[PDB]
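Given the structure of chain G, go ahead and fit chain C onto it with the hints provided.
Letter by letter, the chains look like this.
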Amino acid sequence: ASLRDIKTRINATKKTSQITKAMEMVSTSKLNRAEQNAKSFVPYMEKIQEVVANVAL
Amino acid sequence: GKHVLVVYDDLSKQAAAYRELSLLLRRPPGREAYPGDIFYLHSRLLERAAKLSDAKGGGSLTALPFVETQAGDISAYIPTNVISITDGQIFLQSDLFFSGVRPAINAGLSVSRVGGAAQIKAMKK
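If you're matching them up, the sequences are chains G and C in order. Residues in the first sequence are numbered from 2 upward in steps of one, following the entry's author numbering. Residues in the second sequence are numbered from 253 upward in steps of one, following the entry's author numbering.
In case anyone wonders, no lab produced these hints; they're calculated from the structure. Possibly wrong hints are sitting among the right ones.
Claimed, not checked - Quick list of the computed label-pair ranges, beta carbon to beta carbon:
no.: 1; chain 1: C; residue 1: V353; chain 2: G; residue 2: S3; range: 51 to 59 Å
no.: 2; chain 1: C; residue 1: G352; chain 2: G; residue 2: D6; range: 23 to 31 Å
no.: 3; chain 1: C; residue 1: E284; chain 2: G; residue 2: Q19; range: 36 to 44 Å
no.: 4; chain 1: C; residue 1: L297; chain 2: G; residue 2: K22; range: 32 to 40 Å
no.: 5; chain 1: C; residue 1: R300; chain 2: G; residue 2: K15; range: 18 to 26 Å
no.: 6; chain 1: G; residue 1: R5; chain 2: C; residue 2: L316; range: 22 to 30 Å
no.: 7; chain 1: G; residue 1: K15; chain 2: C; residue 2: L316; range: 39 to 47 Å
no.: 8; chain 1: C; residue 1: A268; chain 2: G; residue 2: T17; range: 34 to 42 Å
no.: 9; chain 1: G; residue 1: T17; chain 2: C; residue 2: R283; range: 32 to 40 Å
no.: 10; chain 1: C; residue 1: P280; chain 2: G; residue 2: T17; range: 43 to 51 Å
no.: 11; chain 1: G; residue 1: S3; chain 2: C; residue 2: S312; range: 21 to 29 Å
no.: 12; chain 1: C; residue 1: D306; chain 2: G; residue 2: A13; range: 48 to 56 Å
Every residue, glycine too, gets a C-beta built ideally from N, C-alpha and C.
Same shape as in the complex, but just chain C:
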């Protein structure tokens, strides 16, 4: 019945460690030398975060995974895998960071499929 907030400081390093293990155990490598089930890893990790109905109690757990992009190339394998699993995305840009926007949230690209329903009545206006 408690409420828990979980932050994974980086998932790219976890993916790299899994790649190392799979290559050492001699599993066949896919694109970028990753194993095939790298999506099944992150998906089954993230799917354990949810909100429980009153039948199971008012428990809730939210997750904030982190992904680091190389030179802003979002089309990379791990970023594209992670972006298609979570409910929303926040894009932070060094370009906005240096221009003077201290919290560098790119509002154009950042989305939230659960927004509105989460915000309070005053803020929704």
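So here's chain G without its partners, still in its complex pose:
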């Protein structure tokens, strides 16, 4: 095709790639905190299960 078309296509692909990279970075960042929130919540459910396994009677 035309040189201008190819160059514009390359630039558009580059910008989309960079935006997707930023999105991957922010998604990983959000995971980095969701994991610790889940781990911190685990002992509460541990306690609730410990209590439940006496109330059954």
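Only chain C this time, still in chain G's reference frame:
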């Protein structure tokens, strides 16, 4: 005093014929092997279309030249020459043609420098 509508079914073929004549007569070729005055040809052809004032009578002649583009590359020499001479341009696209738009006028690119003044009062609204 009459009103005449003139349609040139293709100007690219005329340009190619002029290129053939100029090369055979051994004029020095320019870019894309065209002669230098290929712009002077089309410009002096198209400039004869106009509207006459009431002093010369109410005569009028409008022209609708045609240009065929290869793979939609408008930046080609002949398309760029012709586009810079006429008062307006209508771009027709095969992409729009196959999508279902039977008259394939690309409204985004089509322009008319004389529009509005031509349309009637109801249509202008």
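Hint check:
no.	hint	result
1	C:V353 <-> G:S3: 51 to 59 Å	24 Å, violated
2	C:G352 <-> G:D6: 23 to 31 Å	25 Å, holds
3	C:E284 <-> G:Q19: 36 to 44 Å	38 Å, holds
4	C:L297 <-> G:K22: 32 to 40 Å	54 Å, violated
5	C:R300 <-> G:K15: 18 to 26 Å	49 Å, violated
6	G:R5 <-> C:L316: 22 to 30 Å	28 Å, holds
7	G:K15 <-> C:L316: 39 to 47 Å	42 Å, holds
8	C:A268 <-> G:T17: 34 to 42 Å	41 Å, holds
9	G:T17 <-> C:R283: 32 to 40 Å	35 Å, holds
10	C:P280 <-> G:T17: 43 to 51 Å	47 Å, holds
11	G:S3 <-> C:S312: 21 to 29 Å	39 Å, violated
12	C:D306 <-> G:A13: 48 to 56 Å	54 Å, holds
In this structure, the hints that do not hold are numbers 1, 4, 5, 11, in rising order.
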